[PDB]
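Please see the structure below; I have some questions.
Only one protein chain is missing; all other protein chains are in place.
Letters A, B, C, D and E mark the chains in the order given here, with residues in each chain numbered from 1 onward.
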Amino acid sequence: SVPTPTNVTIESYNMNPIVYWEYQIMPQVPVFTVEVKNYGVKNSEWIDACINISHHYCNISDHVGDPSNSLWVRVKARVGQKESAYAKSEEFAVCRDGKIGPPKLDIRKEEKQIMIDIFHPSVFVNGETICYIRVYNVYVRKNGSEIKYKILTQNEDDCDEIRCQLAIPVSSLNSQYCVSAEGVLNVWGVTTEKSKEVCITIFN
Amino acid sequence: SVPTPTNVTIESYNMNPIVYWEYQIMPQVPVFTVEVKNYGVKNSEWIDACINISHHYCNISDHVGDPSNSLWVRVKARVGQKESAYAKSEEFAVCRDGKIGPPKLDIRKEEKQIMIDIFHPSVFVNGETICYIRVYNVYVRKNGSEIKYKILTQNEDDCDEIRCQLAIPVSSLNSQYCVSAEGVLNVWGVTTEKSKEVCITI
Amino acid sequence: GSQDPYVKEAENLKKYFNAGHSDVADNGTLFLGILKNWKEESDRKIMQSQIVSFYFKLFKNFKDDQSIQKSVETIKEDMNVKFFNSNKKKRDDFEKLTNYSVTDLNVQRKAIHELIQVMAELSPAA
Amino acid sequence: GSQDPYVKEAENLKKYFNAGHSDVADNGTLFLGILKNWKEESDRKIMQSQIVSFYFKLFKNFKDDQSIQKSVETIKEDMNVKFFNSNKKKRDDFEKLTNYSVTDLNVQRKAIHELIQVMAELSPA
Amino acid sequence: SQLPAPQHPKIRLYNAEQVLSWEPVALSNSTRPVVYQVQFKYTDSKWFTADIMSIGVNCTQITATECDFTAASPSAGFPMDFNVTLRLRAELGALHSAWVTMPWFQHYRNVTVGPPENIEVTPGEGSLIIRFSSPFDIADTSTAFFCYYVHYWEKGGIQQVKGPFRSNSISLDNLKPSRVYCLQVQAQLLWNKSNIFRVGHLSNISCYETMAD
Partner (left out) sequence: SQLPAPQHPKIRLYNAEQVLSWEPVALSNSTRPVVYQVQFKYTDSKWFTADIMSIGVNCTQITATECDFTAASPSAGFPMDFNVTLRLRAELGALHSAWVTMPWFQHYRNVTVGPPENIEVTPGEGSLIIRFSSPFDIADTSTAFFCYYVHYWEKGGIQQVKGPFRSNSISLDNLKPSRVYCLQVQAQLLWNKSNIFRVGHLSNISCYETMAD
């Protein structure tokens, strides 16, 4: 009998999950079939994602419905005309198990304050799910000291579809403001990657 | 054994219901006790209204909770020291079985119209039930013909806490506008008494 | 005279069930007392949903008493009008939720699965 | 990290009930599909009330399973917070309506009586 | 056994009337008159026979080729809010035909609203006063009401539409005095649940002259 695949894993970054698995080396070149089954579809059946493929990965971005709905993945091996048993994976929630990119930070000075722009990660901006950002943890380090800020997405006066803003008053004395920001997901609290620290200086 | 009363009836006007009953004439003067049982009170039991009274009536304005809640009335007779079986009445809903007074109508002329004031009946006088008026059927007879109007209490622009208003345009030629108005209750559609028709001439 | 069609049929069921006797006033109230505590429509619809579901279950038990079928089915439609706003989908979705068996092993496992996303939107939208 | 207390306990019940296997996706959805059809809070609370009553019924059957008792009553309090807004009276009134037996002869007579005044305020003001 | 089903049934929903009609069923070998049975059903309900107890008119085993639910009394018939489905069949004793099932209807949703009745116009100074009766009497105004429109124009002029207005009396202010104006009154039934409107039929043309000063 044909051996079943082993070590099935799913890794998602920016809601683009990839399926990985390990297979033993054999004289022949085996081909695999990857099947996806989502939760929340009427009379749900396994959808073929990758068919008779020879390598150990399968990009399944097209089979992602709601990023908060569970989905299962199983894969079988074919050698010649004989197939192996399926290797089923653990349940996978894109919102829970996946990872989201960092927001893009922009900083600019004004007469009495500093306007910090927190642009949403490129996932949510493109031309009605549970999975989005509810709060932004914006860490503002002035010289040696850091204080955590919180910007809620639901605040229509502080956020819109493109960005979120934060205004911090400043003084004329020499100061070093370095800002990094991260997002928190709505249900599972999964933190996005921390933004690249952008700084600014008060020369006057 | 002592005889039981007969023909128990309840008649309500302006939510002031009275209980009446008939009793046979006897050598002694019998006294009666009237007991009320309301729907919608916890651990409801019969409440005494009138105690050892010799006449054939009992005013129950104090035992009226919700005018839309059913209530029952039973009455027994006492002669000497012997009492009679109770005479229970049919269920009584003040909103359904009762009757409400007419609204007060006021009429006055304006430059291009007539302002008709429909004052709510004297029942709703300050001094949250289901039982109130939802529409006013205001009949306006101009010369030979009358047309029915409808003013909804829910319209904040047409009604207030004190009155409901209706403006009808008029002309300088001789015309006789006579107005009478009645209210319709929310649940059972019970119609109040028709207001005294007030007229005005140009 | 002019009154909503349920009044005529509700008091017909009142006589069939002997709901006019003085003994019904005992043991407080089921629905009327609670409904007076909640004036906000969100709070009302929470309670009314349980009350409306109660009547539909009660009517289902007496579907064989042909004496009252006229009175029963008229009130049901008036509930479909007043409570469901004549929305057939709203009426049909409501019936599915009720008919779910809480002892069906297949049902409770799916309910435990969907529990997370249900709690996610139990609170009102921002 | 920072997540509502139900998340940790809900996925614990998933393992106890084996709700993580791929066979649960079959036969459509119970609640999730319906809840997306109704965005108006008045419409939402109508459906959510029946769903909340379902879970309370479900938890009542498994009140003897001491393995999951912590997770069960933790979810109940968060329901008492999210759905009933921590209003104990709202929670108790809700519990009263559910426990009414539709076969109790005394209950149905009272229900038929109050029916008129119930229909009177079914529609919005 | 089997009989021919009644041909081309029609539901007349005009104003407050509710009349179901059909073409008669005849046979070549006809010994006695064919009877018909009308039945109604709600959104999710059981079929009822249309008898004096159920609907207040006797529409079972009737010789007539029509059935009037609203003839008996005011507010009689099916409630204008209800979702009512009708079906019909012809029968001759033990023999009966197939059920002809009508489309479901809600009275407020399929009614054809007529023009305002008893229109009376009296001239005024640069104005015209219009008093009229409602197309039909509605039991609950909160659930459904009427919105009226007056199409007025100077004779030989372009159309102008004043409205909508809730009152059964309206003043056509700011008109050229002592000039002839023609008017039409048209009602529009608004049901808040449907958030869709019923366009009423227009009334007959009638022209009137304003006062001089």
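Heads up, the rule we're going with is that a residue touches a chain if its C-beta (ideal position, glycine included) is under 8 Å from a C-beta of that chain, and two chains touch if they have at least 3 such contacts.
When the full complex is taken into account, the listed residue touching the unshown chain is D:2, out of D:2, D:99 or D:101.
Within the set A:51, A:125 or A:167, the residue that contacts the chain not displayed is A:167.
In the complete complex, the hidden chain is touched by one of A:64, A:135 or A:164, namely A:135. Within the complete assembly, residues 112-113, 134-135, 142, 145, 147-150, 152, 154, 167-173, 175 of subunit A touch the chain that is not shown.
Where subunit D meets the missing chain, the touching residues are 1-5, 69-70, 73-74, 76-78, 80-81, 85-86, 88, 91, 95.
Methods note: only the chains that are shown with their structure count from here on.
Subunit A and subunit E have CA centres that are 60 Å apart. For the pair subunit A and subunit C, the distance between C-alpha centroids works out to 44 Å.
Shown for subunit C are the residues in touch with two or more other chains, namely 1-4, 7, 20, 24, 27, 29, 32, 78, 113, 116-117, 121.
Annotation for subunit E: residues touching 2 or more other chains are 139-140, 142.
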